[PDB]
Each structure stands twice: as C-alpha cells, then as structure tokens.
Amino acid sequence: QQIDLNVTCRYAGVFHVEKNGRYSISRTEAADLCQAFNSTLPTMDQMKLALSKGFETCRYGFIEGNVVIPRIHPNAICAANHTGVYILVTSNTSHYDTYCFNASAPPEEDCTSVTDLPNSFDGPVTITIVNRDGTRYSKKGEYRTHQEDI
C-alpha cells in the first residue's frame, strides 16, 4: 500500500494536505490524518488568522465543521473569485483535501520541510510526505482508524 501526502507551508500552524493528487479524503480520514501530524482540524478562527499571515490555496479542504478555501487574491478559477475564507455551500459529494493545525508550529509563515509524521501508528502502508520543494520523507505505518476509510 502507498499513500502520498502533499503538504504546504504552515501559516500560524495551519497547513493544507492533499492525498494522492486528487480530492480523496473523507471527514473521518481528515481528522485521523491531522492526528498523525500531532495536529487537529482547524477552527474557523485559526484558519482566519492563517489567512491573515499569507495562507491561500486553490483547493477545498476540511476544517472543523466546514469545507473551505482560504483566498487572498481573487482568481476566477479559485473559489469563484472570492477572497477571505470561502465556505463551500452546495456540493453533492463528500471527499476533499484537508487542512490541519499544529499548535507547536511557528506563529507566522513556516516554509521549512515537514520531515515526520510523529503520531502515525504501526501498519503496512508506505506513507510519503511530499513538500512543495520536492523534499520527501517516507515511513511504513497507518493513520486511518475507520475501516470504511481503508
């Protein structure tokens, strides 16, 4: 088994994780994935502070309670040109990326590489963390606690 996790810089501890290059994370997998990073699903307040420090993506992802895209610059193909924390209102479907919040991260922008998944558990999957600069870390383990996600 192989899982790739592409991660962004952290902004006030908040970062984005995309699994396997496609929208593929359920709400329960999202929480378990953040836990593997010693992190939690961000609150809206945490995500607003991250936005204010420079965080934006062009991908839907879970926070606690909603699915969002943080936007700084208006772009027609990202969140229908909105700025701010854009909240997904209407969708048929259930699988997105996720955001995670690590309280121990630096207070502003941190673009250093992520080099561990400190709270993954014993398991058979090769999990690879891929940073935007291409640097990679891999370990054998598991993070999904719900059978329905596996």
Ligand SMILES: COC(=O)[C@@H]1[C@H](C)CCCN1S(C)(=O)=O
Second form
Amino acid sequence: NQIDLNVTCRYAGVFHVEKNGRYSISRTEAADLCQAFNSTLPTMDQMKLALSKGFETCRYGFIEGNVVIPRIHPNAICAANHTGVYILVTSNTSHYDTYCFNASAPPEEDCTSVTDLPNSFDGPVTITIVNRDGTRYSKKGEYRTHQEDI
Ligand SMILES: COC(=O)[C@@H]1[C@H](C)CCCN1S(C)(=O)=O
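Instead of the form deposited without the named molecule shown above, give the structure for the form deposited with the named molecule bound, please.
Time for the whole complex; same chain goes first.
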C-alpha cells in the first residue's frame, strides 16, 4: 500500500506533483493532495507568475479551472512547441498530474528539497515524497477524502 509523489522546485510557491510515475490524479484527488502539502490548486495568475520566475514542465496537470503545461522553451514534444501557460483544450480522458501552490514558499525559485507532507491525515498508506535529486521523505497516512479516488 504505497504512493510515490514526485515533486519539483517551487517557483513563486507553485510546484508540480506526479503520482506513481504516470497520469493518475483526478480533479477531486488533486485538491486533496495539494491540501496535504498545506497548498491549493494554483490560479491561472499564480501559474503565470511562476512561469515568469522560471517554471516549466513537460506534463499536463490541474490548476484551478483548467489542465495546463507551463512552457518557457519551445520543445516539439512538450505542448506542441508552444510557450507560455499552454491550456489543454481537447482530451477524452480525466486523469493527469497536478500543480499545487504554497503561499508560504519563497517568492522566486526555490530548488531546495521538500522534506514533509504536513497536512496528511491518519491512514494506512506509505506515502513517499520523491525529490528530483532523489532525496525522499516517507510517512504513513492518507490524503484522499473521496472514496472513488481510492
Ligand atoms: C519549503 O517550502 C514548503 O513549504 C514545502 C512545500 C511547498 C509544501 C509542503 C511542505 N514543504 S517542506 C518544509 O519543504 O517540506
């Protein structure tokens, strides 16, 4: 009973979370997951400021109201070579990664590692935060409040 959460640097408090190395998060789960990091889904304005500070990924993830990819450099296989916050328009499917926003993070680029999951609740899952540099933090708990996401 394990969940791996790969996380990135924070940029103006915004970061990317990928679960179990695949697109596997629903919109309801995404809000619960950010809540476990004392965070919320980013607004489009928060994501645009994060982008301006250096944030880019090559993965679709939820923000408030849309599923997006922040892009700085044009890459043919990342959001069809687009730059800026690329918004997903047409998809058959519902599960993606998520972005999260922590208001207490530093204002610009923070590439220190994440060492805690501060607001998870009691439960039976071994949740492991995996940083880009390989460092890990694990704790027994749960963050999903909707039965259909479990
Ligand atoms: C340092 O910035 C943070 O608040 C991060 C993260 C953005 C949310 C979750 C807790 N942490 S932490 C103390 O690294 O584990």
